[PDB]
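Q: Here's the letter readout for the chains.
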Amino acid sequence: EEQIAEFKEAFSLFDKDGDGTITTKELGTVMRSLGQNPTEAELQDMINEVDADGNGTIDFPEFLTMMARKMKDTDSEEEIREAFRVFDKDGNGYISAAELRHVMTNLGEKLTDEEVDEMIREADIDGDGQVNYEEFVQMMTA
Amino acid sequence: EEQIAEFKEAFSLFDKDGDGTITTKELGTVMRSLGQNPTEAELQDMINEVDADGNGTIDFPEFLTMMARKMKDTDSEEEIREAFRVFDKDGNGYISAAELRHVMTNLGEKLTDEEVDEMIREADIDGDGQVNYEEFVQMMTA
Amino acid sequence: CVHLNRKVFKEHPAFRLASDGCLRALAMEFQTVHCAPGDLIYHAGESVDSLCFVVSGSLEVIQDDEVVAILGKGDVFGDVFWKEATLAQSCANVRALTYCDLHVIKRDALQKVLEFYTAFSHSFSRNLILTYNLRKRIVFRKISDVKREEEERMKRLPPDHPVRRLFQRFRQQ
Amino acid sequence: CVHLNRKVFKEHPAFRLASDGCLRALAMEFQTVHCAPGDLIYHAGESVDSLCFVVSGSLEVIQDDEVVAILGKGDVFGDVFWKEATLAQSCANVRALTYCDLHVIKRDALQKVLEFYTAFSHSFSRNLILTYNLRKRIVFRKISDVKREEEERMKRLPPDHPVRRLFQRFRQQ
Amino acid sequence: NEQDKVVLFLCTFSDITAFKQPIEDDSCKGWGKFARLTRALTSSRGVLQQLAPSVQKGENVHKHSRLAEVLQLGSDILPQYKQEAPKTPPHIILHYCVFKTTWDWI
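Residue numbers (the entry's author numbering), protein chains in the order written: chain B, 6 to 147; chain D, 6 to 147; chain G, 541 to 696, 704 to 720; chain E, 541 to 696, 704 to 720; chain C, 118 to 223.
The following block holds chain B by itself, in its conformation from the complex:
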């Protein structure tokens, strides 16, 4: 999620030329400096088992799929994050009152404008019209 850009230093530390192309020779070099001696055959098996393109070179959003695989968050954390994904359609980290109006139309339960503004304002704490992930969980707690 937010550590996706924090992995970018590690991903630039992966390749030796820094080309966005995960070489087999560069991976063998970094494992050899790690202290393991793997064969190139099992490293090619790892390439064909990891890469979605699968051409001897992989990218950083091509690793984002494996990052989403190895993420594996909790129960309630994934619940509120998926509720953020369906509840914010733009995914911009904020809940506009018009976004809550659109998901009130898409929920089936239609609410008034005063009630939807009161739901925003009870949800909001800093008071800028949009609520945060923390402001979302602050009412999803109890």
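Simulated from the structure, these hints should not be mistaken for laboratory data.
Hints should not be assumed to be uniformly reliable.
Calculated pairs, DSSO-like style, for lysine-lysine (alpha carbon to alpha carbon, straight line, at most 30 Å) [stated by the list, open to error]:
1. D:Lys77 / C:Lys150
2. E:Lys682 / C:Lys122
3. D:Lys94 / G:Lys613
4. E:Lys695 / C:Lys122
5. D:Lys94 / G:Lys687
6. E:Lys613 / C:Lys204
7. E:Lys687 / B:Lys94
8. G:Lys613 / G:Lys623
9. G:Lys547 / G:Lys613
10. E:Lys687 / E:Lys676
11. E:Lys652 / G:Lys652
12. G:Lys676 / G:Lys646
13. E:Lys695 / B:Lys115
14. C:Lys174 / C:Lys146
15. C:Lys150 / C:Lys137
16. B:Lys75 / B:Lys21
17. E:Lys613 / D:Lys13
18. D:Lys115 / G:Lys682
19. E:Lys687 / C:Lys199
20. C:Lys150 / D:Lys30
21. C:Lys122 / C:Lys204
22. B:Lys94 / B:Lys13
23. D:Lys30 / C:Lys146
24. C:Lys199 / D:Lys21
25. E:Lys613 / E:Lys676
26. E:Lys613 / E:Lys652
27. D:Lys75 / C:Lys137
Just so you have them, the derived chain D footprint on chain E, three or more residues with Cβ under 8 Å [claimed, not checked]:
28. 555-569
29. 655-662
No residue lacks a Cβ here, since even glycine has one placed at the ideal position from N, Cα and C.
Starting from the known structure of chain B, arrange chains D, G, E and C on it as the hints suggest.
A: Relative to the frame of chain B, chains D, G, E and C by itself:
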């Protein structure tokens, strides 16, 4: 009532010479500048239907009768204004305690001097011995 | 402070029974107040929270443009605090005739001293007659208005329904 | 102080019934406040403990980046204290347009004066209409957001179980 | 705005009551309805359009005068709602100006 003197600018704006004499020719001129073209016959009908003197010229207290006709105030406002007219005999906008003594004699229910002074003082707020229209309605409310 | 308020404490019969410690506890809360001529002390409707001892000069008490009491040297006005136990509005203006020296004492401070000196408080209540109660309303009539009303009395249900109601309210008062 | 706050006491219909003693007791607790342009008075969510009389200049009331009321000469804003009897947060910022002179009065001092002058307090409640209640929230919609939502409405139970619960909470609200 | 975005609607009001027609649902008189219309249309006729009612055919002239005040204002009062610096008319130099300060120094 209080707008009677505020109509005096309009009444001086009615006549052209400003003589206290509503001319038929001046009324035809001001309607012609208004954008209507009435005949002088219907304007003479309006003169004979409006003026209490009825001589081709009318005055400002001669219009005060039509102003009292077209006043047509509310129920409770006219009630408290007529209660002011019977309750203040001088009509001076104030209720002296001796005025309340005279209307206590003319009401039939005679009260003591201490009770009539207490009625004045409970009625009065600014405390000058006389009460106002607003001080009258302030106890006539509830 | 006892020497400053000796002009109260030697002249008043309420204070001729005061203990020495009670005299200290009173004089530390007294305030000497000088007033100019025409510089009034209490407005009409002002809160009377301080009974004042006029130790010098003369004062007049104007209720409804009429002088009601002249206060001279050694006269106590204000409100009887220990018996009233509530704040009231002043009935009358208290204009100052001359350069006067009063010795006021606030209601809260006087009540503190009288609650602490319980044996003195009964003597104070029995011996301090207020010269003019500023709380109580004095009913009267002006002679000019009585004369004009006699002239008018020699000259002289649709209104009563929004009027007798109020009258009955005043009967319930 | 009555002469300093004559700009309130001669112009407001709430104060045209005020007694002389009540006028003194109000003006001793009034505070004239000068503000610079762009120097706002109440924040969003600040406690509104002081109703202000704008005796000079002009103010704007910004709720959610939108001007909601322009206050001019002789306009009263704040919160209706004697009827609310509780402190509330301000709904909106109150930015100052020009160099303005307000005449504020704190809620506690105004409540003291209105509790002591009981005959005046009813007249104050009947004659002081607040120009802008800072307590009450004004619901509206922005035209640009309504236009974008109309564009989105032309373009368009596993989530509902942790969501409809909250919805029902809002139904209980 | 200062950013040239529209932010307010100024709508200016006047009365064309006396210059259109009298119409009443109920009245003491047609004369009374005329009196109420003359009491309404005051700020134009009784004040601004005072050279009109002596002359005749003044309806278009009075409407043009009352609208031409606001029409010249449609270019004059474009106050733009900006917290801008107050300015003097030109050919009037400021007191604390840098040129005026170095002029006073020389």
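Q: The structure should be examined with respect to each hint, and the outcome stated for every one.
A: Comparing the hints with the structure gives:
no.: 1; hint: D:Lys77 / C:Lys150; verdict: holds (13 Å)
no.: 2; hint: E:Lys682 / C:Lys122; verdict: holds (14 Å)
no.: 3; hint: D:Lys94 / G:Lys613; verdict: violated (47 Å)
no.: 4; hint: E:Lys695 / C:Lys122; verdict: holds (27 Å)
no.: 5; hint: D:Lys94 / G:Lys687; verdict: holds (17 Å)
no.: 6; hint: E:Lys613 / C:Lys204; verdict: holds (23 Å)
no.: 7; hint: E:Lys687 / B:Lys94; verdict: holds (18 Å)
no.: 8; hint: G:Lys613 / G:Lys623; verdict: holds (25 Å)
no.: 9; hint: G:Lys547 / G:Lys613; verdict: holds (10 Å)
no.: 10; hint: E:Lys687 / E:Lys676; verdict: holds (27 Å)
no.: 11; hint: E:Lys652 / G:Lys652; verdict: holds (22 Å)
no.: 12; hint: G:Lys676 / G:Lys646; verdict: holds (19 Å)
no.: 13; hint: E:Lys695 / B:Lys115; verdict: holds (19 Å)
no.: 14; hint: C:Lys174 / C:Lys146; verdict: holds (26 Å)
no.: 15; hint: C:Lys150 / C:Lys137; verdict: holds (13 Å)
no.: 16; hint: B:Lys75 / B:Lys21; verdict: holds (24 Å)
no.: 17; hint: E:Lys613 / D:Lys13; verdict: holds (28 Å)
no.: 18; hint: D:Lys115 / G:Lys682; verdict: holds (20 Å)
no.: 19; hint: E:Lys687 / C:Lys199; verdict: holds (26 Å)
no.: 20; hint: C:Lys150 / D:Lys30; verdict: holds (20 Å)
no.: 21; hint: C:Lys122 / C:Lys204; verdict: holds (23 Å)
no.: 22; hint: B:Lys94 / B:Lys13; verdict: holds (26 Å)
no.: 23; hint: D:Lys30 / C:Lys146; verdict: holds (21 Å)
no.: 24; hint: C:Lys199 / D:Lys21; verdict: violated (46 Å)
no.: 25; hint: E:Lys613 / E:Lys676; verdict: holds (22 Å)
no.: 26; hint: E:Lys613 / E:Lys652; verdict: holds (27 Å)
no.: 27; hint: D:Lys75 / C:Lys137; verdict: holds (21 Å)
no.: 28; hint: 555-569; verdict: holds (count 4)
no.: 29; hint: 655-662; verdict: holds (count 3)
Taken one by one, the earlier hints fail for this structure at numbers 3 and 24, listed in ascending order.
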